[PDB]
Each structure stands twice: as C-alpha cells, then as structure tokens.
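Below, in structure tokens: the form deposited without the partner chain, a single chain.
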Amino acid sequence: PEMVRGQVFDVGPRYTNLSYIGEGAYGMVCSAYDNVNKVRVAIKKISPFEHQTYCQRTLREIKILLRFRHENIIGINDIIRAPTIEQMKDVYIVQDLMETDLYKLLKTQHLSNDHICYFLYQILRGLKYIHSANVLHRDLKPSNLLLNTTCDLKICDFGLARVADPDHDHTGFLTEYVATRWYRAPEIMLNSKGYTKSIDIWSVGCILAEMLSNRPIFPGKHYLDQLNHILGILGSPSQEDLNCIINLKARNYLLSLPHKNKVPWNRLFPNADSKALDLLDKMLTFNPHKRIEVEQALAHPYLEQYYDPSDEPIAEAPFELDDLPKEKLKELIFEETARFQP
C-alpha cells in the first residue's frame, strides 16, 4: 500500500503519484493521478468506524453527494474500500481536484466586482439545488467553496447537512451548536436548531461581505461574542423582530442590551457595488422569516447578468440515523459504497 507521511493511504493502482495536501476535517487528504480518466483528483481518507457520530457524518455526506448531480456541487467520482465489512477500516472518497478555495483565495487576492458577482451567482445556483432537495448544508464558509483555474465554483462538505425541518426548529437560549462560528445566524444563539433554509442564506450573506473586504464580517472570538459582533453592525432588533422571539431568556437578553445603531453597509464597504449591498442587506436580515430566500436572491438585480431560472436546476428527488448504532452504520456505509466495487 502507498504510504504518505508514514501512514497508509491505500488508493490502489488506479491512483498513483500521490502528493500531501493536508489533514482535512476528518483525516488525511492527497491529490493523485487517476490512471483511467487521465487527470489528477482529490482523495480524502476517512476512518469513522469506532464512533457513531463520525459514521453518521460520513454516511450523510456519501448519501447526499451520490444523489446530487449539479455543476456547482462537488461530486463523488469513486469510493475505495476493502471488499468485505470485516476488512473495511478506511474509506477513500475520490473527487474532482480543484486548485483552490475561497478561504485561500481571500487570504491573498482582491476580488473584482465581476468575480464577486460570478462567485455569488454560483454559490446561490448550487444552493438553489440543495434547498430544492429539502437539504440544508449548515456549514457554508469560504473553505467549503472550491474553485478551479477558470473560477468554476463547487460547494464541498456535506457532513453537517440535514433534511430541513422548520416545524421542529425552536429551542432555548444559548443551545450549543456544531457549525462554524463566524458564519452562524443570530437565531442559532437565541432560539433556533438550524433546521430551516434561512440558516444557509445567513452564511452566504457573511461570505458575500467577506468577498467585499477580504475580512470576516462577524469574527466572534467565542459562542456569545458572535452575537455581539452581529448586533454591532445590524444594530438593536426592532420591536416587531423581538416579538417574533417568544422564548423569554432570549427575548430578555436582547432587551437587556444598550441600544446599538445600524452601521450603514456603504460605510463598511465604501468600494462595493450598491446592488451588491442591497442584496447583502437582504441576506443579513436579523429576522429569519424576513430573510431573502435562495430563489429571490438569484432574481436580485445584482445578479441580472447571470439569472436564468431555466438554467438553475432543481433536484428530481428531494430527501432515522440519529440513534442507529455504529455497527449498523458501517453496514450502511458498506452498502452505500458498493456500486464502486468491480
């Protein structure tokens, strides 16, 4: 077996000429030369089988990415594992290699207004398909937006995705949450489990703001600080928006704060296109019921050069793991990956 950094990275004779990339969210990832399709590919090694929560996220991603087929969503090209459940310890997921990502690009490149527009279009076009499948991504951020040399954009990492469940979204105040802090909507900290499509639109809003200035807009240093940063820019919520929060601990926390003024977007982003700021405002709306939806966002004047609903496909087949034990989830991972065996 191929070895990388002194660890097994056993991708078989199909995949040769390995090169270390890094230790991605759930293990090692390498590029490799695909001897069948004659291109370099990305391969991540997953070792989830000792833990039920890791089985769950691995299975979630595999099931979702195998069903989805969309230009702005990363596919799965191939899955490598042992021929039997007993011998299966690792799974290698093979995907199109993408030269960079929006996190890397934002750390050293100024984006033109045309690049911002085109990136936002592609994010929303992918997101339209995801939401049309009744799925929430729940971890949109620059590092999950892959880009190739011609700036084609693909959304990555469906490990934290869920089927939407708006009727069960309500929870109490300061309920712990899994997804990345700077891109978390204000309601996560107040009264929401992140089971509605509006949680993804907030994340896209944060990404848009980050494209405009190369700095995260709400860089919270820990959990409740994130809400401090959001309110610092949006200002104090209105009475109507407070009345939408029935939970008393969350309501009374917001009422306890001194008045904070809205910072105008054109002062924060003096070089931005005014249409980009109007769409930004609508994505970063405090009240998630008033927040713009993905299809409205595509139809916004900022994106008029690209908007074409007939070329913005939806899923044909929209989508309990939570308490299946890990033994059962290994079997389901084995089954979900069987089509890639000879």
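Numbering follows the first chain given and starts at 1. Only the largest set of C-alpha atoms that superpose within 1.5 Å between the two forms is called the rigid core. Residues that one form lacks are left out of the comparison. First, how it differs from the form deposited with the partner chain bound.
- Once the rigid core is used as the reference frame, the Cα position of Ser192 differs between these two forms by 2 Å or more.
- Relative to the superposed core, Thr180 undergoes a Cα shift of 2 Å or more between these two forms.
- With the core held fixed, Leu248 shows a CA shift of 2 Å or greater between these two forms.
- Listed in sequence order, the runs of at least 3 residues with C-alpha movement of 2 Å or more between these two forms, after fitting the core, are 1-8, 20-25, 27-29, 172-180, 191-195, 245-248.
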The other form holds:
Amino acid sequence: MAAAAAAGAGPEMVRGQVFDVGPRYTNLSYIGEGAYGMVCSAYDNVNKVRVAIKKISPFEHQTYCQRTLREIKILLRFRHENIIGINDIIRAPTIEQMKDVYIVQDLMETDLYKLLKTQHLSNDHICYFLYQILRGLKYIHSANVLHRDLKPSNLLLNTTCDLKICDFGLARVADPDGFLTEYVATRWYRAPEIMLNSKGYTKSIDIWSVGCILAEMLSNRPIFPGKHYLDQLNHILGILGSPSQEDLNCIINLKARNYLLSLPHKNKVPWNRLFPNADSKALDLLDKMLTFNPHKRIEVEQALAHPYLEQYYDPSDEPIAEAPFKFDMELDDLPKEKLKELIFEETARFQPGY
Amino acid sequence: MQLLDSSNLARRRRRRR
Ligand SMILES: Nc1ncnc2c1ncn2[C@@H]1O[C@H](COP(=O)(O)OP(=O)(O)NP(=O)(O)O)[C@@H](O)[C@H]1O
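The form deposited with the partner chain bound, contrasted with the form deposited without the partner chain above:
Everything in the complex follows now, all chains and molecules, and the chain you saw is the first one.
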C-alpha cells in the first residue's frame, strides 16, 4: 500500500520526542539537549552531508519566542569561521500549522562542556581554543552584538580542533538601556556587574565569561560557582579580593555598592596557587579578563594581542562585520503572537519553492 | 573525543610570512 509505505517514511522519534524533518533530513541521532532546544544529527539528502538540527517548540512562551527570533535573526546575518551558521530552517507552511521550529546547522562533534568531563587539556590546546573563542567574539562585538551567555556548552568543537560559538538566543545589540532575568541552565559565567544589577552592561560581560571559561579549561572545575548570586559574588570576592574604592564608586547601583562595602575584607588569592601547573602568560591574560571593574576589563582586540596568543594572533585574518547592527526591534515587549508572525516571516526564505 | 596539526586555521597561522 502506498499510504503504508508513506507512513514508514514518516517522522522519526528521538528519546521520545518527535523530529519531523523529512523529506530532506533523515537518519537522525541524538546529540544533546539544552534548556530550550533538542539537538540531533541528521543526513542532509540535498547537500549530502550530516548536519545538526535543533528543535524548539516556542510559541506558548513569550520568552521562548524571543530566543528563537533573536538566534535566527542574528545567526542568519553572521558569517564567520568561528561562529555556527544556519543552513536551513524547517517549519510548517502556514502560521496556523507552525508549532515547532527546527534550526539546521553545520554539524560539530562535541562541545567544550562535554570535552572537559573526559579529559584535561594541554596548554597547547587551551591556547588554540582560547584564540578561536576570542576571534569569533571579535566578530560578534564588531557587529555591536553582545552574546551575553557564553559558557562551555555553547563552544562547539570538531575533530580537527576547530571551535565555533553557538547558542545566540540571548544575544542583543549593545545599547544604553530586566536584563538576563530569564531562565538559564547556568549562571556561573555571568559578570559581577550583572549580579549587582548595575545598569550599563557592555561588551565586557562577554570577556568576563571568556575568563571564566579559560579558568575552567585550566583546572576542569568552574571558577565561580554558587547556588545564588550572593554565593557567586562571595566566590568572586574570595579569589579576586575586595574591590577598590575607585572600582566601587564606578558602580551605578548604590544598593549593591553599599552591601559590598559591608562585606568583610578579602585579600586577592594569587592565580598560581589556584592554577599551579598553568602557563604564566595564560594567567596574566586570565587576570585581565577576570577584572572586577568592567571599564578596566581587557577588550577583545587587546586580548587577541596578548603575549599568550602571539603564535595565533593575526589581525589580517581576524575579520569583522561589514556594518554594526542597529537596534530597531525592541522585541522584548512584543507579544508572543507578534513574535510568531516575525519568526514566520524571518523563516519564509527557506520554504520549499520560495 | 580524541583531540593542532590538521586544523585549517592553524595551518594558515603556521605558514604566515
Ligand atoms: N551545531 C551543533 N553541532 C553539534 N552539537 C550542537 C550543535 N548545536 C548545539 N549542539 C549541542 O546541543 C546543545 C544544546 O544546544 P543549544 O544551542 O545551547 O540549546 P538551547 O536549548 O537553545 N540553549 P541552552 O539552554 O543555553 O543550551 C549544545 O550544548 C551542544 O552540545
């Protein structure tokens, strides 16, 4: 029976979840699952290669719609060796029938979170991985975009040591204006200025995150974990020591400034005691990325030029975006019904026969 | 995963100048 033969070719199920990505994508296999999306590898029968596919089911939640739309708009506009690309986007032909969105990407082999569960990296690999993180970040920042959620699990790696940044659902254009109150699986990579509810978040929040990641590559343990922001801030102070007076009155939030001032003194702990086997140039750059004052924190192009990365630094081959993005959306107040229409519009170009 | 010699970007950096 033709119908019986059609149902055999129907949607595959992975770990109990439906993945309706035929006819183009077949032979699905589980990769991973974030807080929002379910990721499988699949065979692309048109381009004849395996790909990664992330399924999101967002339309009942304003916050899921924001993440879906932001990731799609930003990654479709980015093109960089160290940033994951979107190859295709699968969804239903009518807005009425669209309930899931599948984002199709180049397939990577693992992520740095998984890799650090299984092995201690040599200094040479840490150096090259850190270079690539910063090289991709240089491009992101050149577009005037903040990633805002860098962490080991969204640094993808392949079998030839190539690294790509992914997971752009929180990425935003920088602007002087409830930041990062939405749920995330881990807050351990967030800059202290976010925890203190200072107002003017800048590119420096991403550099902090990269400093946390470097620390974790050096010891295979998170450097500033904690149950609550209070606990994380106490771990930051327990290592960096108490902030200076100059650093304090650079904080906009009078309330947070007051609490820190009440805290008992903490002396800075030297990095070589936390990381005794680590390269001293890696610890110098680490120190400059984990500086409390965001105004003093090293910038991405300065970090690329640091002596630790000198064998990879090449400004002639560290490309930037053609134009910095402008903020003309303010989609953080749009209702999820409006967000769904925009997602539908943004994904129309991938529909068969467009 | 089993992890500088085979990466394309690393080759460009080795062979600059
Ligand atoms: N292109 C890809 N190739 C290989 N693995 C990938 C790819 N994209 C994602 N993954 C894996 O899937 C995981 C979840 O993806 P991610 O984009 O972070 O999902 P999310 O649920 O939307 N956001 P989050 O909760 O921050 O992880 C990642 O941590 C990787 O392990």
